[PDB]
Amino acid sequence: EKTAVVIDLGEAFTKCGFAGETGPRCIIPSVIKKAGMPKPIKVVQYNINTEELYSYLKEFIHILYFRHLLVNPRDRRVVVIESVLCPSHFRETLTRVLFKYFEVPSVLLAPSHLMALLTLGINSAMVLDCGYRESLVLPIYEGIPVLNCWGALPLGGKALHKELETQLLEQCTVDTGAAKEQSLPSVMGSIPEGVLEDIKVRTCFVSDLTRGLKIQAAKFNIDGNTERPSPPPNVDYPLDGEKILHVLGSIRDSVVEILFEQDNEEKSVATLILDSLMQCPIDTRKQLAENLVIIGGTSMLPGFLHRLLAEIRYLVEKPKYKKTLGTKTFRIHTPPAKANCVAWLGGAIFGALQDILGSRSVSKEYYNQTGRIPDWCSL
Amino acid sequence: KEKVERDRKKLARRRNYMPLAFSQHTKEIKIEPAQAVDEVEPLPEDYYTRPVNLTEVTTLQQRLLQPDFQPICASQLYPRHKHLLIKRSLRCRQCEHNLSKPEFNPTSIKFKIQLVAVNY
Amino acid sequence: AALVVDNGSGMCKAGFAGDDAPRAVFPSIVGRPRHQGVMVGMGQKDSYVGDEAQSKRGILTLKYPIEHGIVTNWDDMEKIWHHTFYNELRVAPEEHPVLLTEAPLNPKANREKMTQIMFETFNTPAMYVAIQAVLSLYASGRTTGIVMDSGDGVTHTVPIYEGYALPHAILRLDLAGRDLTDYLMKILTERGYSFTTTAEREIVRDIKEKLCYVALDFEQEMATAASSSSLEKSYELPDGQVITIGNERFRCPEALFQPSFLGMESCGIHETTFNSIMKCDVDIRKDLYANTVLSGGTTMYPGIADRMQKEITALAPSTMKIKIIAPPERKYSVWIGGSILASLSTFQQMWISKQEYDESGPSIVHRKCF
Amino acid sequence: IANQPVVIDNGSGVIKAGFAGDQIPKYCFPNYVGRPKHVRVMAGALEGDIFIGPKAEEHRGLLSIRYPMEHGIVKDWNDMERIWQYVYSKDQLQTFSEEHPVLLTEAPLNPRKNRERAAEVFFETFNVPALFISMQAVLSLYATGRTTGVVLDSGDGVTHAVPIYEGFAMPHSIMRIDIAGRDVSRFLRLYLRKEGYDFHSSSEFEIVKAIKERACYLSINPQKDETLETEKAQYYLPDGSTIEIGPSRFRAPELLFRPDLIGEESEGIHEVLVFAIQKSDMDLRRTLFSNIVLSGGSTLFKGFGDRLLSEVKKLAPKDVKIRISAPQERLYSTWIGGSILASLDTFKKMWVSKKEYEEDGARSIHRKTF
Ligand SMILES: Nc1ncnc2c1ncn2[C@@H]1O[C@H](COP(=O)(O)OP(=O)(O)OP(=O)(O)O)[C@@H](O)[C@H]1O
Ligand SMILES: Nc1ncnc2c1ncn2[C@@H]1O[C@H](COP(=O)(O)OP(=O)(O)O)[C@@H](O)[C@H]1O
Ligand SMILES: Nc1ncnc2c1ncn2[C@@H]1O[C@H](COP(=O)(O)OP(=O)(O)O)[C@@H](O)[C@H]1O
Ligand SMILES: [Zn+2]
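Chains as they are written, first to last, in the working numbering: chain V, 61 to 439; chain U, 44 to 163; chain S, 696 to 1065; chain D, -18 to 351.
Only chain V is shown next, with the shape it has when bound in the complex:
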């Protein structure tokens, strides 16, 4: 047998490499540069025609299997990591591309949350997945994902990128280099997603709960006269060479707060753990609480894990969660690989198990015969 390849198709970035390795070999933006198109189209797009999606995935998988990885597709197996409740037609297409065009031996559709649990070694743990599109949580108890007690909110990368763009356009101060030393607002109508992502990573950080709670009430201005903490210094960011955008200190520590803002509904990234944990079985409560896992690149943002764990323990004392989750000890697990590449590492650890892989995985001979991929929906 040969070392099975692991792919993990995401909206922002795709993880790729081989099984039984310390981390992924290639990690790249999930896009393709088609002739005529100035900006490259995104390879994973939900709610489009199958033929157009088929062509994009055919183009992308080709780049992964030749330019990034150097190996024959037909020779060795595949371990496709994809999140639970991934759209039906997308997963059906992705398999149909691998089985028909590339003619792979067998694909294994592992849920990202159960794979993240294997990397630690613990059999039972709560898993939060703060991705690009949606920040999803799914309790895993001793190998069994509990779909009953699922939770998701659109407070990921996309929702954060959009919030940054909005704030920058309000307090817009750019030095074009054409008598634009004076503050010039909205010279460009929209900012490209590639720039916004680079600003987010380098400039913006996650504030402490004490400082963050003041920032929330400050921008609200709820019958108070200038009750904001002192912001960090303003950082100057180059746009397309000559144009120098002066990023305000307030924007850096306020952009993140949309994730941890209550917004009346009581629906934050913090609340989603406690909302799910309260809905879980009464016996499983204390085991899941003690074993928390924080995957996804959105949680890589500096000082996110401290704010989350703090915001949890504050929301615990709130009267809604005070009865059930009152006297619970919330402890976070530190996975071996980085927060972005926890999902991938599980699939590699699973891919190394040649004996179990072949049995669980769906063979091409079965797919060609039936034409029915197994899912958590009815058969």
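Calculated from the structure, these hints are not laboratory results.
Yeah, the Cβ is synthetic: ideal placement off N, Cα and C, and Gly gets one too.
Worth double-checking, as some hints may not be accurate.
The calculated BS3-like cross-link candidates involving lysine-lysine, where the alpha carbons are at most 27 Å apart (straight line), are [claimed, not checked]:
| # | chain 1 | residue 1 | chain 2 | residue 2 |
| --- | --- | --- | --- | --- |
| 1 | U | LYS46 | S | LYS774 |
| 2 | V | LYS382 | D | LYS295 |
| 3 | U | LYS53 | S | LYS758 |
| 4 | D | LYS56 | V | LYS382 |
| 5 | S | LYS881 | V | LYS380 |
| 6 | S | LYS758 | D | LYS295 |
| 7 | U | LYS125 | V | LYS93 |
| 8 | V | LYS424 | U | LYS53 |
| 9 | S | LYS740 | U | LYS73 |
| 10 | V | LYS346 | D | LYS56 |
| 11 | D | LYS260 | S | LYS803 |
| 12 | U | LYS44 | S | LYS803 |
| 13 | U | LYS52 | S | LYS774 |
| 14 | U | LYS130 | V | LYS62 |
| 15 | D | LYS260 | V | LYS378 |
| 16 | V | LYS380 | D | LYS56 |
| 17 | V | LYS93 | U | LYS130 |
| 18 | D | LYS295 | V | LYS327 |
| 19 | V | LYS388 | D | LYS18 |
| 20 | V | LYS378 | D | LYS56 |
Label-pair distances were calculated between CB atoms; the ranges are [what the hints assert, rightly or not]:
| # | chain 1 | residue 1 | chain 2 | residue 2 | range |
| --- | --- | --- | --- | --- | --- |
| 21 | V | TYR161 | U | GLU88 | 51 to 61 Å |
| 22 | S | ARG837 | D | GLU51 | 53 to 63 Å |
| 23 | S | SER1058 | D | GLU51 | 53 to 63 Å |
Some residues of chain D that are not near chain V, with every Cβ distance over 10 Å (derived) [claimed, not checked]:
| # | residue |
| --- | --- |
| 24 | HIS153 |
| 25 | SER183 |
| 26 | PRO228 |
| 27 | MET263 |
| 28 | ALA297 |
| 29 | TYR338 |
| 30 | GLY342 |
The hints should help you fit chains U, S and D with the ligands onto chain V, whose structure is shown.
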């Protein structure tokens, strides 16, 4: 253990003896599970009231090229080995062979079997 | 060298003959997971059993294989016996002969199919089925006297005088520990604390065992429960959440003494014990009043013996002296009897062999049962 | 006071109000409190911080929906007081609560604290002449006009099966499971995300309930419809955008009849009906199968009666007549029953007067319930 269990279960179904007890039925490796920290390290108080040089911190593109330990600072970021390129050979569905390349494709523009639509 | 294996509906007590207490005591349950179409993680057992299923209650649907001392699912019971011999006891069933326990006045198919498995599946050298009540007397070193062996599955009253049992005087009542556990859920749901799932029912059994106690005067206890909050005790769940059960503490075990609460329309555990003695011969009644034994874990309720004495004394004549026999080890009263029986050299002859089973069939058990 | 009594159904999803004289409930509005989604500091926004029923439906996308009652139990009492205050508003009824007496319809086997607090509010906050808490099941029979009948009342919050024979309800044969219409709405949202349409917001949960109510058919065989390629019927949203539901349409409400699929440990809607009949005495079983009544909104699913009949038949004994008599007004059946009950002169005796509650104590409401 699961393979042996699945094999034993499968050969029992294939036999179709209804689990007939002819003979008597029935070293361990134990990993310690990772310890959960009570409080994760907070964001350093330096980040508050300090000028951020965009030269010192690394962009996403150059962060992600070193995935095993993608470092925020530039001083940590080490140079990775150069990525090897591929020499493609085409094979059809109905037909067998089609075209291919030599064993010394480095500094060579020769095809072992030249085949193209413009050449027929 | 011989094995005693009590097949109780609540807990399966198994061990070696001659030993003081049973070696392995685990809850008699099979844990099948609430699996979706999503793939399962590693270290996955298709069906968990006993202490393993008791650890992994959260996800697994707990299904008791024996219902009212009748084996409903035999495939499940086979998996428990496989966990009993091979894993729990660490002994081959082919080597040692196995003594099992059946409740009195059970269906004939139960004893028939029980022994068939032991002889064919496990290939045991000898197999003897015994009445749980008959064994329970040996524990107290008493040949004479009636027993009120109330289990999780059933409660039965077997009067035995001078080492001779009265079969027609035997009375069976379906009211037992599991019905009380089911009753306790309903009245806890009336207070506020809702328990629905099979895993939650197991937590309600832990609440029952620890807090619940038998009241001497129920009407007097309800008056004190209403006025003062002295009887109200707190219990911590597996979750940090704590609950204050209140009057429902002593309301649960009352159902034993008056089944009207459960709504069975039957005689109480006190009244059935009296009725059984009255069905017996007039002469021997004296000793049965003097030697009334309480066996099983449904007679480990704090102050059942005091309430039992009071209720029997009222029904029984005034001149008679009513003594209730409550030994410290009531839970293991069925097994400890089995250990004494199996050890005795006389019992060596009473064993049913494979040769005897092969020639006659499984019907031989009905002749050599009791 | 002789003035006409006000019937009010405490439906988790939709509360139905009106006078006892009316043949149908004039005022029935959704049971949820509407507050502005964005925390309003500024002027020119939604004022009051309270939007109930038709006002909420108008400005739905702007507000944040919070249901005060979950699984037939009141979680937030402050919210429920505002809802009952809106029942006695200028919008609906337009009367004094102090003048007219009241009839509540609490689900069976609810917490006793739920009934006690419900009475306290209606006696203290509103100055009611008299109050009477009743079972939802018992009312449903008055509406149809038959004494005997099992009532499978599938509401939004709770689905319960109560067998009543010749005006006698067996309280032990009652069966209650939490998997109701609201859970079907929750599971449909999950399958809609599996089709690739997110409804993350609490306002966006309301349109999932509308999608369910509009287009969701129960297939007689679920396995055949899954293999068959769907039409993918388009539904139009409030904004104007179209969504192709496809296979999610039929495999969402299936979770009523088979709740193990998602991973919820419950019996199922076909099972609770049969179990409730089988739990009752053997003589009545035939008549209870011969008289089944569907109540509530979570029976109006297209081909519910067709599936239930088939699923009941295979579980029920062979060659037994099974008549599932659904009225045309299933959603409003529970209220019509109360409206008839309230009109009768016997109701005058049944309810508890305000002075009675002050003198007798707390028990007064509980003891007069039945
Ligand atoms: N200390 C206790 N106090 C009250 N109830 C108890 C106590 N211990 C156990 N119980 C209850 O009574 C039952 C006793 O079961 P036990 O361990 O005696 O096995 P069993 O299945 O009843 O066996 P057998 O029928 O042979 O006696 C338990 O299932 C539990 O519900
Ligand atoms: N190393 C990093 N540091 C900070 N932010 C990151 C880092 N890597 C990714 N991110 C951000 O978090 C997001 C993570 O998305 P990702 O989990 O890779 O995608 P998906 O959820 O589709 O699998 C990216 O879109 C990016 O904005
Ligand atoms: N026509 C319909 N088709 C399908 N489901 C419906 C229909 N009407 C109502 N429902 C469902 O039933 C619920 C109404 O329950 P309802 O009968 O008001 O309960 P209750 O008896 O507790 O008042 C709605 O919230 C919805 O989920
Ligand atoms: Zn060809």
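Hints, verified against the model:
1. U:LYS46 / S:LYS774: At roughly 20 Å apart (the allowed maximum being 27 Å), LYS774 (chain S) and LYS46 (chain U) satisfy the hint.
2. V:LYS382 / D:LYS295: Violated, at roughly 46 Å.
3. U:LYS53 / S:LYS758: Measuring from Cα to Cα gives roughly 26 Å; hence the hint holds.
4. D:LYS56 / V:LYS382: Holds, because 14 Å separates the two Cα atoms, which is no more than 27 Å.
5. S:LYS881 / V:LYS380: holds, 25 Å
6. S:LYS758 / D:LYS295: Given that 27 Å is the threshold and the Cα spacing comes to 22 Å, the pair holds.
7. U:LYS125 / V:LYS93: holds, 23 Å
8. V:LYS424 / U:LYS53: holds, 21 Å
9. S:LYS740 / U:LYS73: holds, 17 Å
10. V:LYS346 / D:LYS56: holds, 24 Å
11. D:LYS260 / S:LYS803: Measuring from Cα to Cα gives roughly 25 Å; hence the hint holds.
12. U:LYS44 / S:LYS803: This hinted pair is violated, its Cα atoms lying about 40 Å apart.
13. U:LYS52 / S:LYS774: holds, 15 Å
14. U:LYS130 / V:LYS62: holds, 21 Å
15. D:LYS260 / V:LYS378: Not satisfied, since the Cα-Cα distance of roughly 43 Å exceeds 27 Å.
16. V:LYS380 / D:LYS56: Holds, because 10 Å separates the two Cα atoms, which is no more than 27 Å.
17. V:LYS93 / U:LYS130: holds, 21 Å
18. D:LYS295 / V:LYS327: violated, 45 Å
19. V:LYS388 / D:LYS18: violated, 30 Å
20. V:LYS378 / D:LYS56: Roughly 15 Å separates the two Cα atoms, so the pair holds.
21. V:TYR161 / U:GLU88: 51 to 61 Å: holds, 54 Å
22. S:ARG837 / D:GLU51: 53 to 63 Å: holds, 56 Å
23. S:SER1058 / D:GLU51: 53 to 63 Å: holds, 58 Å
24. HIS153: holds, 25 Å
25. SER183: violated, 6 Å
26. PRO228: Contrary to the label, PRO228 (chain D) does not stay out of reach of chain V, its closest Cβ about 7 Å off (not over 10 Å).
27. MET263: Non-interface label on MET263 (chain D) holds, nearest chain V Cβ at 36 Å vs cutoff 10 Å.
28. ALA297: About 25 Å separates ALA297 (chain D) from the closest Cβ of chain V, which puts it past 10 Å; holds.
29. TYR338: Since the minimum Cβ distance to chain V is about 29 Å, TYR338 (chain D) lies beyond 10 Å and the statement holds.
30. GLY342: Holds, because the least Cβ-Cβ distance between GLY342 (chain D) and chain V comes to about 28 Å, which exceeds 10 Å.
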